[PDB]
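Shown next as structure tokens: one chain only, the form solved without the named molecule.
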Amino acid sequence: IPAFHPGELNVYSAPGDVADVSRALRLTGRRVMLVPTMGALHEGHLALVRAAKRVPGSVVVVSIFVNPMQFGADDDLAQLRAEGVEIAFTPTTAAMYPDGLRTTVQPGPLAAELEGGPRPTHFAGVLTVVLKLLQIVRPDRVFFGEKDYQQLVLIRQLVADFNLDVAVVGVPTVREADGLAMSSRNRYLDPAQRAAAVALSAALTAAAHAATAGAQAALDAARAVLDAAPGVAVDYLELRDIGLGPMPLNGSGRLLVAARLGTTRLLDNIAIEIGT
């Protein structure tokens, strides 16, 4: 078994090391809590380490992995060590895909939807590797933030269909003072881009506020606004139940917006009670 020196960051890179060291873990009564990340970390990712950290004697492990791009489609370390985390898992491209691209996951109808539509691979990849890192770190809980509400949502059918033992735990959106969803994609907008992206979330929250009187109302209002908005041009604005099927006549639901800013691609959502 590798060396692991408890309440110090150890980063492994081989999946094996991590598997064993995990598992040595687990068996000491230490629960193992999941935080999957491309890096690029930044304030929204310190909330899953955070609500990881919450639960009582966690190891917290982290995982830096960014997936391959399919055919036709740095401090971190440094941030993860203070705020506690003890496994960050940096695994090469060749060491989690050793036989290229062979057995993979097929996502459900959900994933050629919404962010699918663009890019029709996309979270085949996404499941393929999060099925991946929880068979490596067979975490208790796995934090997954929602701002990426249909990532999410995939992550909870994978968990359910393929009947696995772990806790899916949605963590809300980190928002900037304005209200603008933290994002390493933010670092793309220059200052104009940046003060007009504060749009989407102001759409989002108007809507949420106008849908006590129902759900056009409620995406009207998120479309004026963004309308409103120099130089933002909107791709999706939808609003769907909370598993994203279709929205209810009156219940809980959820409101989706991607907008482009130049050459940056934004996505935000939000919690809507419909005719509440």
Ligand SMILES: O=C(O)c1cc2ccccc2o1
Given for the second form:
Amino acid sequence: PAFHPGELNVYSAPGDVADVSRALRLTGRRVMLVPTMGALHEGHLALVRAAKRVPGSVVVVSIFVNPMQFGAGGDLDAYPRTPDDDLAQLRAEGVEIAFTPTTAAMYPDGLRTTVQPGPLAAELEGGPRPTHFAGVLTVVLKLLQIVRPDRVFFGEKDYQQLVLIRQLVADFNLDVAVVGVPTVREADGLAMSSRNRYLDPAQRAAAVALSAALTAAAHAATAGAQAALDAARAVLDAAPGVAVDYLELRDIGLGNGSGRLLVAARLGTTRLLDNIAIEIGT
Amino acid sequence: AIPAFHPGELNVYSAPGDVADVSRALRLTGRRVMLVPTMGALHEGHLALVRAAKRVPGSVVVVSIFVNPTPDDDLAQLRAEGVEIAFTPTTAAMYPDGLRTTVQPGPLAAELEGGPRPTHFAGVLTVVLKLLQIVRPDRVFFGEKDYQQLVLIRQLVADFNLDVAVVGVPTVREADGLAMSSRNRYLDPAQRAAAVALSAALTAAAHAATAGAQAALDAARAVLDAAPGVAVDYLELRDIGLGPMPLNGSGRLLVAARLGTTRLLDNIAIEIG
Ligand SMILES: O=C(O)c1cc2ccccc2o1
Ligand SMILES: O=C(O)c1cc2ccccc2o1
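For comparison with the form solved without the named molecule, please write out the form deposited with the named molecule bound.
Zooming out: every chain and molecule, the one shown earlier first.
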């Protein structure tokens, strides 16, 4: 396949992106990978920019709505799809490679060999959806194998995901560095997500409570962990038809001092996640 | 700041990161890295794998030895085969975080070998994935003796999009056809005499196969039937990927049996018609 530099090159075949990737690496360029599910927004763009700023980089953005991380009924047919836009944003960012595989090319033998996560996959987000992270890690492994990048980028918004990815990478000895990138927020603090378009004016207004509780907790934390949790709790209780799924304070690896506070809540049918770093006593 | 590597010599590394560094540096200088994963206690069967890997123009041979949960003799054979890298890591080096993320095999891992040991191949594929990631060879060598295993590794490679050729090396046998294995040494003399029936039965079957699949199966069974003290766990004809037997065409006939406490396996290629 052709590679036209300083331009967006779009490959659909794993073979084609694998060949270009390998060729670019043998020419000294450093391969950056940003796995996305499309519907790009400014949170994905921060990920591209981090990769862009790595000296000698050639950036691969992949776009694949992976039917293995979704479960019935349900969420798969409803995922936002906007490839036109996505590709334009990527041209505008000066990304050179977009990898957009077909389901058939990724799953020619269906679900056969898969990745089985550690017990962290059974908690938090994986509580209701116990096969969700196995689907995520399977496609992430396939993607790293196809593209073999130097580094791979993930937002901290999906913190649990990032942690399991660091697990996949360590546990399977993958020669790739995992770059966590801080969450991009709207001007009021709402963590940017494509699930956000599904909020109406009211819920969009109520939605600010997640970030506010979290940031309230981050500051109340000098008074310790009960104080941080109770502060976030209070903010969430004062917010109209925000229904809290969970609100949990964990170690940063997700097992006082330094931790991570995590929230999941529904607004109508729209499930939102957010998290923040927490220093207990600091 | 790469670890020390002396060409034409046996270099031993126990650190994953060391063998990863050497291997990467060697490929840049135009050697082709060949991996031969072993579990130690090398016999001729392992040596046939090593020899295949040496055949490749440009090869540097990496032999891992690791027991998945003979030290000086094994290395002496490797030095004697002219192998240049052994990878002899600890359990803690390979599993510093315990069993956390693992490989889940497809349904074939539940059959055959299979039913007695339901989690065996999960262990196998996981460790093999890791060796592949550590060493990143161009080619990886497995004996056909453990044929279900080879099939499942080929599935790993395909399914996870791994950049490596799987090379399957024919079974080394003793003079009477008994598939070589470190277990063979446990057999008393009666058992060792009766153990010839597994290969005997498989080669009878392979030759009976001009008459079709039932004649092959029946010739194999007659031969096992004529052996005392041989408990047959399965005798099965499958296609070459271990799916069900197609009506004509290439297949594989596999057998497992228990002789006292010692469990023996064998397998053969079959052409129906
Ligand atoms: O668009 C995203 O937020 C995204 C996509 C994606 C693909 C595989 C694993 C994790 C992922 O996060
Ligand atoms: O000694 C062997 O035949 C052997 C070694 C090995 C290592 C990983 C997976 C399977 C394996 O078989």
